[PDB]
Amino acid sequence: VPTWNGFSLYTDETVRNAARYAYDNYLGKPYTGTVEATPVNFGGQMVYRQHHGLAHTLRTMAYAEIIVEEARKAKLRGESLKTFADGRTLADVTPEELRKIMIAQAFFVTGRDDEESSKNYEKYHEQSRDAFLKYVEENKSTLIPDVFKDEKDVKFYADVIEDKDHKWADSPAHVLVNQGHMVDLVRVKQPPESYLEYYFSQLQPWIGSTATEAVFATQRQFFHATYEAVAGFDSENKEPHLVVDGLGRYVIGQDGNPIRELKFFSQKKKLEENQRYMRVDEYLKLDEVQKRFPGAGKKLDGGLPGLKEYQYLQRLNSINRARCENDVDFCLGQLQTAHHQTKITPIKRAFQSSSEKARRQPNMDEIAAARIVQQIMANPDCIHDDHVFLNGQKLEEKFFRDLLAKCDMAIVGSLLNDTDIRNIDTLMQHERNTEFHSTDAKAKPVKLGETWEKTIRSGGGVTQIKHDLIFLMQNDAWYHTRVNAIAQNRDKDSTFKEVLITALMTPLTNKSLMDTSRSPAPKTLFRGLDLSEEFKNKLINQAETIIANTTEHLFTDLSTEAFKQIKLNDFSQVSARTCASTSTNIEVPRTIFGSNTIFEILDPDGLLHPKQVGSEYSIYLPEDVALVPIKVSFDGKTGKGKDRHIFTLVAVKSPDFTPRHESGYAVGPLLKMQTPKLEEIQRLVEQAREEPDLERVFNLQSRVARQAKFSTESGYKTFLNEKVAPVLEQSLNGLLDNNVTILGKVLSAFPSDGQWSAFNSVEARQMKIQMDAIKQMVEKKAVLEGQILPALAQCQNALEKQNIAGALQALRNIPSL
């Protein structure tokens, strides 16, 4: 199954011109015959060939395209398709070949003089053949050798148009033209079930059941797009079955068994006593029919969903019907829109739908990670070379990589403020000489902060800073190449600071984008990548597998297999985790950057939220949006002679695409940073463990004993012996045993200021001062070990019992000594 070159009925000018010439010189002209020569009028515009005209012709061409498309899918799914003489299959049809088919299809009905299909078949097809050759001859210089290879080639496609011997299974050419003509024959004729089953069974051997359901489902959409009525389907319908081949009937005899010789009966032939034409419901139930037709037990609604009879009938009588029959560019534009929708509809069908187009609200870790980023931005002093040290906690390379991979950094950026944006400059000043290395190894290291201040920043308020951050990531490859690789976890030999900067800048860049972007989101963006031959080939294979398992259906929904294959082959991560640069102009990645890989990202449901850059836009992929492939084309070669492919991707949002991360990664380290130092308390326990100053007590004991005894004043000597000395000996023992009971009692025994003031001697006064110091000494230990320390212990105890009102009580109600 070769890779398609992107050839399309809706973009090829050669085929489009063959459809004009056909319309312009036949087809748009009045019938010269008798049968239905009378024109019909739609919305005031006339149609000369309502039936076999332009809209019919263009649809046959459109059928051939999708029949080939579906065959290539069935082949890739492992299905065996009907082979020709040379062993080829409809899937082997080439772009060049298909173009020659459509050109011939454009003339397959030009040679009609009226609407007689019971005679003149030979003459009309001879005229169509002449009309086609006349076109080829007129544009001889153009069509050969580029379209047709020689006159023998032209003769071949003229032979298919003439249809002398009805060899409708000779070649892909004969089949596509015959099948394309027959698919348009499913309209409203009753009973609809007999017609549908017949034409279904004609196409089925060539491309398979899954592909045949897709064609007739798409055919109904092409009818809506070109304003033709669409029939309903009822497997339980009680009408008599219509044997399409010959317009006959099958009959039920009295054995109650379908008459078989199965036996064809003419609508004229008379039936016996107990004979009755088999009904369609009986026909759809036959083991042979159910085996080739999945219509049994199923139902389809006619018309358009949302429209009622009178509304649907008014639509059919619109001028747009006439425009489809008269305007080539219009009828092709209708089909193109319908064809494109059949690629998207089955995808949306296979996944849980959502009504929210916005990013979800922050989770707990995104909130925590936002707090951490804000703190780092405020304290760039916390930035080292191996790590970040912030509030008694160490954050290393692993932490910031986990943030880059688990957090939606657009959501984190929505939690940041203009203070954080202003603090970018100061981070940059702190990292003035931090070297950033481009992923291109030839490149010389660039000083981060210095380059920021010297060539990018330009003063101003916060909005200017945002523009300069967006400017840096847009225009400085030494910066963005490293950042993108670290964000997507595909980097080699990155410094911790390169990783940290990425983790800090990515949410801040998203904020800067959301705050500055003004324009409404474009719905078609282009992205350029340069991939290895090995990696691109993987993506090509994953895309083709997904496309092959995404098909429209009539009766058999294969959404479960589309789900399975998409989750197996999804490569959305290639455009995720970073501020990905895109353009509305395909020539930016294609011609300027010369990329071998081009993503045509389609976002018709507005799910990507692209922010304008400084035609550049920036994409930060939401966690639950997948970029599902619908088309893979070979686009020729780049400047360096490498193959170039375009991946057309459609944005689809679903809870099914949501990743499951285990939480805690950002909340954890945040909690540990809120941990209180409590240095006052740690200083209370060190003071409560200080040894008492006993030498001070001894010194005064000695001083008292020296004057206890060397003075002839009797009152002073007694005072020292009965009032001073015992208190000191009592205080010494108290501080030595650390006995609270003895300390708190000696407090009252300390003589008053007035008892000391009785002696106005020099030594008595100095002793007073030293006695006061000891008293303070004794008191601070009596209150600590006696009042305060017990209270704290009582407080703590009520806290581990969760008696909060009791913990406060232990501090409020302190018993006195």
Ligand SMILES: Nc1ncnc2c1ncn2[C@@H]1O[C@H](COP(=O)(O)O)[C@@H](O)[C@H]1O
Given for the second form:
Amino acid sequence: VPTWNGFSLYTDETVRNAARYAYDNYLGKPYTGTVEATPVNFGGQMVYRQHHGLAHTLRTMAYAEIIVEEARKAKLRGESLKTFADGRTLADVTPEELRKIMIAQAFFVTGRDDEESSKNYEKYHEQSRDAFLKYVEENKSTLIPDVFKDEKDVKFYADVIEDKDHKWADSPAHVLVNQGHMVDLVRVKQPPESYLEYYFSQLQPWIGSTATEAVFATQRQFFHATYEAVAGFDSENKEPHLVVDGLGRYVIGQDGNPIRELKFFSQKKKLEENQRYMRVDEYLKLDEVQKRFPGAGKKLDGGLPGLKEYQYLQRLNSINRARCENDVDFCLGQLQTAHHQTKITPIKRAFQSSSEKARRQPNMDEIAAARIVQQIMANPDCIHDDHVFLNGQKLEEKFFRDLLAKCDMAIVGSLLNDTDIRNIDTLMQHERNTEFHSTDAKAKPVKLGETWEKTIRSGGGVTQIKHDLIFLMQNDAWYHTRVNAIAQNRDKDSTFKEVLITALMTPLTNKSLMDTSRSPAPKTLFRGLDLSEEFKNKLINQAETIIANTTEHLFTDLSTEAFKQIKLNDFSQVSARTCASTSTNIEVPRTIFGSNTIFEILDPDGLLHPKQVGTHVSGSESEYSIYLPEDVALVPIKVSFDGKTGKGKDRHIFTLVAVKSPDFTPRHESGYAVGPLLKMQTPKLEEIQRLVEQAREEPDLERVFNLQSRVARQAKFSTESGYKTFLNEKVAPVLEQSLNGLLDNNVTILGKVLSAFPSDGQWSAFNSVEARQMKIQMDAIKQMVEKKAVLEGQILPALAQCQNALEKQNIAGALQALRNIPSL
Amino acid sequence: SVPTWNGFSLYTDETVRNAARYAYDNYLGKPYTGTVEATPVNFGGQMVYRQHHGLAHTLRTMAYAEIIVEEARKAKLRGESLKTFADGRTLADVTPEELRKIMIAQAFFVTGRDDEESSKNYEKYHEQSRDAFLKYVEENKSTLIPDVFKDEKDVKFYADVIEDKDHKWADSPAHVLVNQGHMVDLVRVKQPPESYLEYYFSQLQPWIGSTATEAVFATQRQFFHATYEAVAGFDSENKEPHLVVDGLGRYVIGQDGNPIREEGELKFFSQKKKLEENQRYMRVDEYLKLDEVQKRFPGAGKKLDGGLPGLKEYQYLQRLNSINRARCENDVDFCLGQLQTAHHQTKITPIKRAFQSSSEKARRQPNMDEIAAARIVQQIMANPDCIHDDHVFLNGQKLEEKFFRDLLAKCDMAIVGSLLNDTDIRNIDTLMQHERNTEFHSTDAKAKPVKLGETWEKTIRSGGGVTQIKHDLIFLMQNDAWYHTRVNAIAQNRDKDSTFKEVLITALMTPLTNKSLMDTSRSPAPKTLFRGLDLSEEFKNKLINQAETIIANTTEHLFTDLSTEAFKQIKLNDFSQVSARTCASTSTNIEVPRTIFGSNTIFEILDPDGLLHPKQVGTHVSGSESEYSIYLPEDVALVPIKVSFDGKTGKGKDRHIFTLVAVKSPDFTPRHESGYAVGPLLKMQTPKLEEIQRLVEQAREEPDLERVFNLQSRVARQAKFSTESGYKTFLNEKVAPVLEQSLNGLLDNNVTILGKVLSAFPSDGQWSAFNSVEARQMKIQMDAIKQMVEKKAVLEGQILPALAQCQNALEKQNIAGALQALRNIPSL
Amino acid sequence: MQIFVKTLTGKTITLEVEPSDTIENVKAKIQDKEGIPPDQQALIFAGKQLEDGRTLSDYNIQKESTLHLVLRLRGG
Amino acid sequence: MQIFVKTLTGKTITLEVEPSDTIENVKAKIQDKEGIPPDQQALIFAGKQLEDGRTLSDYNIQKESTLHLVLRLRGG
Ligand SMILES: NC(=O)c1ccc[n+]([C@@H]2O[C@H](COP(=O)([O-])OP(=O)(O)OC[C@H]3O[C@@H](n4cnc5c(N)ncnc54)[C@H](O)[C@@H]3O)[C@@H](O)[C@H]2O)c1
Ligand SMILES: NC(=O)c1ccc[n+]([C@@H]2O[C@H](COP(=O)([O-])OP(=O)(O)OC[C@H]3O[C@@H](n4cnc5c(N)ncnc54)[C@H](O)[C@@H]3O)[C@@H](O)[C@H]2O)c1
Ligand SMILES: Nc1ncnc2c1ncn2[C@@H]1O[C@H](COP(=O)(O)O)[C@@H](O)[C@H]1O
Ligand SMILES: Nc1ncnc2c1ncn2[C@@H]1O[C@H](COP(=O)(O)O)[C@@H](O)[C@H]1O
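Form solved without adenosine monophosphate (AMP) already given; the form deposited with adenosine monophosphate (AMP) bound follows:
The complete assembly is shown below, putting the previous chain first.
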């Protein structure tokens, strides 16, 4: 199956001119014959040829187009289509060949003088051929050979129009023109089931059942778009079956079964007792019919859903009907909108729907990541070359690539504030000489922080900073190429600082865009890429597989297969994870940057939330940034060859539709960001470990001994009597006791030797130099002993009791351990 | 060139005392048959016939001979040059045998007196004294000749000395000793004192030297006190007239104002001589200030108190009239006892003058490191699992060999033993079990190794209670040489090739043995002990030299204190160490070291001031070793006062007896750096505070924020569907806000938020309104959320700030604010 | 040597240069000919954006080559 | 062969022995003649204490040598 070139009934100029000429000179011209020569009227506008006029012709052309589309899809799925003499299938019809087909179709009915069917068939198609060749001759310049290769080409298609010998199945041209006109009949004819089943019989061999179902479903959408009534279909209808070839009937007679040679019966032949015609329902319940028609047991509603019978009939007599029958551009517009819609409704039929168009609210790890980015932003001193060191925890390259890979960085950006924006300048300071590397290895390294201050940053308030950041992204390829490559995890040889900067800047950039964009979101954007030939070929295969397994249907819903192949072949991630650059003007990616791949992104349901980049005066890039929501897929609906680049490479345009569904959500294990944040919130508690460090200080016994030795020198010869009775009995024993108390750290000894220390008035009894000197040293020893008995006898038992209450869930007793301290 | 004395003494030789007894029995104690002062007198009711020239006087003269020879020998050992006789000998060369003969002669020197006549009957009285001597020799010819006197011509030599025919008072050592022995006594009688003291000093001084002479006359005044004789003063500034004693004359100062000197030479003046007008006598004050007298007499400018120090003049006179005076004058044994005690004290008082004094006889109180060492010993004892082969590992510290050798070297292990208890004693059995096959080695290399613990269990230990253990330990010490020789060598830091375990056992069991001894000994401390040693000839001779230097540089004095030289020589030559640092074995019976063990060295250790604190070892039945153990105090030295040659051992080597006196002084204290034991104990007691560090480990545990966020989703999905009327308006109204606020509080660590959402959690009664399975499920979940919030609000909002402020208040020494921080915690 | 810079608005602007010229030079040229402030100019050749300071020869833009210029401004 | 053990109390004990006699045995002989239980006996020769188990010839005690005997008991 070859790749199409984007040729379409709705955009080719030659085919539209052919339709105008056919309309101008024939259709819409009062019938010169008898039968239904009388015009009819819609909303005040007159249509001369109601049934075989312009809308019918344009529909025939549209049917040929979708028949080729669905034929190609079916050959790509592996179906075996009916072959012609060449061995070709309808799938092998080329764009040029189809243009010739449709041009013939435009004249296929122009040769009618009235609406007579039974007779005048030969004559009317002779007149159609004469019209066709007149048109060819009068535009021979334009037409030949560019459209038609030569005069014999023209006679081939003229021969198909003449239809002398009814060679309906000779070639693709014969099949497409005749069955193109045939499919339109499936409107007027009652009863519906019989006719729909018959026309279905005749199309089915050439394109397959799936394709035929898609053709007739699209057909009813075309009827709606050109204001033609749409019948119902009832598998259980009890009217009699109509044998379409010969307008006959089937019977059963005596024998319970139906009469078989099935035996054809004319309607004029009247037969025996208790013999009756076969009904519609029993015809559709025969096995031969079920095996070739999936209509059994099914029913379809007539009219339009949501429309009252009065409202539907009112819409059918609108002036838009006459606009369709008289205005080529208007009718082609209607058909084009229907055709485009039939490529989207299967896609959304295949996945669960969502009523919320906005991004979800944050999950726990996005909140934690937002906090970690605010803290890094707040203190850039924590950024080293190797790793980030914040509140005693160490985050390396892997952690930040995990944030870029698992967090919605836009949702993260929605949790940052104007202070984080303002701190961009400080972080830049700190990274004044950090070198960024473009992904172009011939580009010089460019310091970051420096350049930011030198060339980018322009003063002002926070909004000005936001614009400056957005400008850095829009303008500095040495920055945005590294940043995008890292965010999408497709970078080579990046420094840690580059990874970190990307991790910090992606959410902050998203915040700047969200806060500053004022535009209502455009619904068509274009994104250009320069891909390798192999990668592009992979994307083409995946897109063609998705498209070939997305089909409309009447009776047999294959949504499950569309779901399966879309998840096998999705390439949404090529536009994900980063602030992706797009333009509303296809010429930005096609002509200015020379991309060989162009994504035409369609967002009719407004799910991409693009945001405006810079200003969009004439001559600007008309740039918007997309940060693809986690649950939106960009599903391909068309792949077209667009010519070649300035460098000679092939260029393709992928048309993608944004689709939001819980089915597209990724599954990520939680905790990657909450954990490190929790490690950061654990207290240093250094006053406690210095309480422990002072709780392990050895007592200064030397001081103690010194005082008792001095007490000894002065406690042996003092001519004054009471100073020595005081010295031996009241001071030396306290130094005894105390020295042993400190030595064994027995708190019982110390707690009561406290009471044995002499008072200041006891010491004041002696006014000598050494007596006061001693009282000061005794006081210091008393402070030592007391603090020691207080620590090991009161405070640390309290802290142990409190702790033991904490491991036992007894919080109130834990506080009681602190407040109800027992005295010594 | 001084031979070692053999222990001969006036106070222990039997021959000399027999001669004194005979002299008294026959002549001295008999009444005077002459005229002048023939009348007997009375002391306390007892009669003395010869008061001035009786028994006490004779015994004193002999005592003077002994001290004159002693000080002569000391003076030649110091390097002094003494006056020689014709043969070339000095008084220092007098032998014990010769001194015995001299003393026997001295005993009769006055027996021939008929009364106290001086000027008239000198020839007759000395002829009668000579006859008394020869009578005694004749009646005892059997015992005395030839063993004491070699023949009759020897005897006639000493009889000739007694006769004193030709006043040849300086012909021989016998002449000098007998005449000046009798002369030295002359002192008590004569006033003025200074003149007499100077003259006798001048006649002894050439023969023994000034140092020696000073020692003689000082000891002399001590003998006077011990025999109840009055002691005069001495005043260099006395203004009495000088008495020229040689001739009982005068020196005169004329009108001109100078002493009358001959053609120079002071010339003698009779006291009867006519005196020129305004001519005057030389006073004592002027005599002692002449240059010739100062060069030969150090009494100038000095003064001495009379009587006894500490005694009132009235009680001094009361003491002089005691009955003990008559005992001295009539009882040979009593008087020799008095003199012996005085003589012995004059060898101690110089020693104690040379060093700082000490008032307390007890061991000092424990220092820091002894207390710590005692604790480490109790801990090793209670938990012997800590003893390895190279070290002890106790409470996270590693004590190696030298730590325990440091304890052995720097601690008074007796003081340490005083800090142990009966359960450490009881724990000896456990220690011995742990050391069942630890092998001890005698210092005798011909002995085989013994296993310590095994021998303890199978041979030494006898059951019973603690006291029995103490006795068993003491018995191990007393009885097992493979143990005590190693232990002693290690304790004294003189061991070769000891194992770590031998050192440790020594360090542990020296204090434990001391405790056993102090706890069990009851005997009163003996004041003479004997310790025997088998020393090499090199080492013994070194000790002999050191002791003789010390003794020769310890002298009594009157005017010239040489204490500084005694201090210098004692500190150069002290060998107290060879008796230190261990539980040293001694006996009260000299025959134990001399005869049972055959020691060639015997220390006669004397402890008159009770400073050694010996303890009884074993039993003291007859035939036992009468053993006591001494652990020498750090500040007590055993100072030598005498060295005697005592004969030969059973193996033929020379045996010597060193007499040592224990002397306590701060000067003998050693200086040791503190901390050798205190340090490791303090490092053992640094507290492991695991309950505190698990309080902080609980303070750093992360809250389950994912659980609160998931719970918000469950409140939401359970909120979408109603159940109770109303239950989901309750969820939207009262629970989802609390979960939001809790999450926001936990996202930050704002304790204000968590503290107020704590009050915002709905009550149990509000939840009692709903009875669904999901309602009760959710109240369980909400309880868990509230517990989470509560632990963070209490720790971060109340407890941890309280501990931070408490810490800050103690780090500013504000203990009152420190407790204030814990008990004055405000509620949220 | 002469080169042409083409715009999105359609006009084709012709410039006189030689390879030793920088791009500072080229946007100054374009300003003199069209009144286009140089900080608004973004110049692209064969898909790559050209940087101030570096010369025309460095990017191998040779005679008769076509550069593309787009206006690029800060928002607000 | 005969040896004499001399005591502190003055007595001289004469024993007839043989060089291969142990010291246990010698103390047993002393017990038989003077009634002194061997557990109280401490025998010394030339300054050295003799140990049970070893023979008289082991200590080189020969004819008419003199040993010394002291009583040695535990306290209490
Ligand atoms: N349509 C557009 O691409 C477009 C539109 C308007 C403005 N711009 C401007 O272009 C610059 C940004 O250019 P950009 O967005 O083309 O660069 P961006 O970083 O996507 O990367 C450009 C090139 O990187 C490679 N690349 C990108 N994604 C890849 C993937 N998923 N797998 C493999 N290769 C991949 C391709 O070569 C791609 O052309 C800015 O000046 C921007 O304003 C571009
Ligand atoms: N030594 C005695 O007078 C004495 C008294 C009573 C009992 N004992 C008994 O003797 C045994 C104890 O014997 P000990 O006290 O001779 O053992 P010890 O360990 O004190 O000494 C044994 C030998 O070591 C040498 N020695 C000791 N100290 C020395 C030193 N400082 N420098 C050089 N050599 C030194 C000497 O040869 C000494 O005789 C026990 O049975 C004990 O009951 C001995
Ligand atoms: N089975 C068929 N296959 C192809 N074309 C058909 C078929 N039936 C009808 N047509 C086309 O429709 C016209 C027939 O209409 P009718 O004559 O009403 O059957 C013919 O002109 C054919 O062009
Ligand atoms: N200068 C002296 N040298 C030696 N002996 C003396 C001296 N003076 C006195 N004596 C002794 O004392 C006795 C004399 O007593 P008197 O005559 O009072 O001096 C004499 O026998 C001597 O034995």
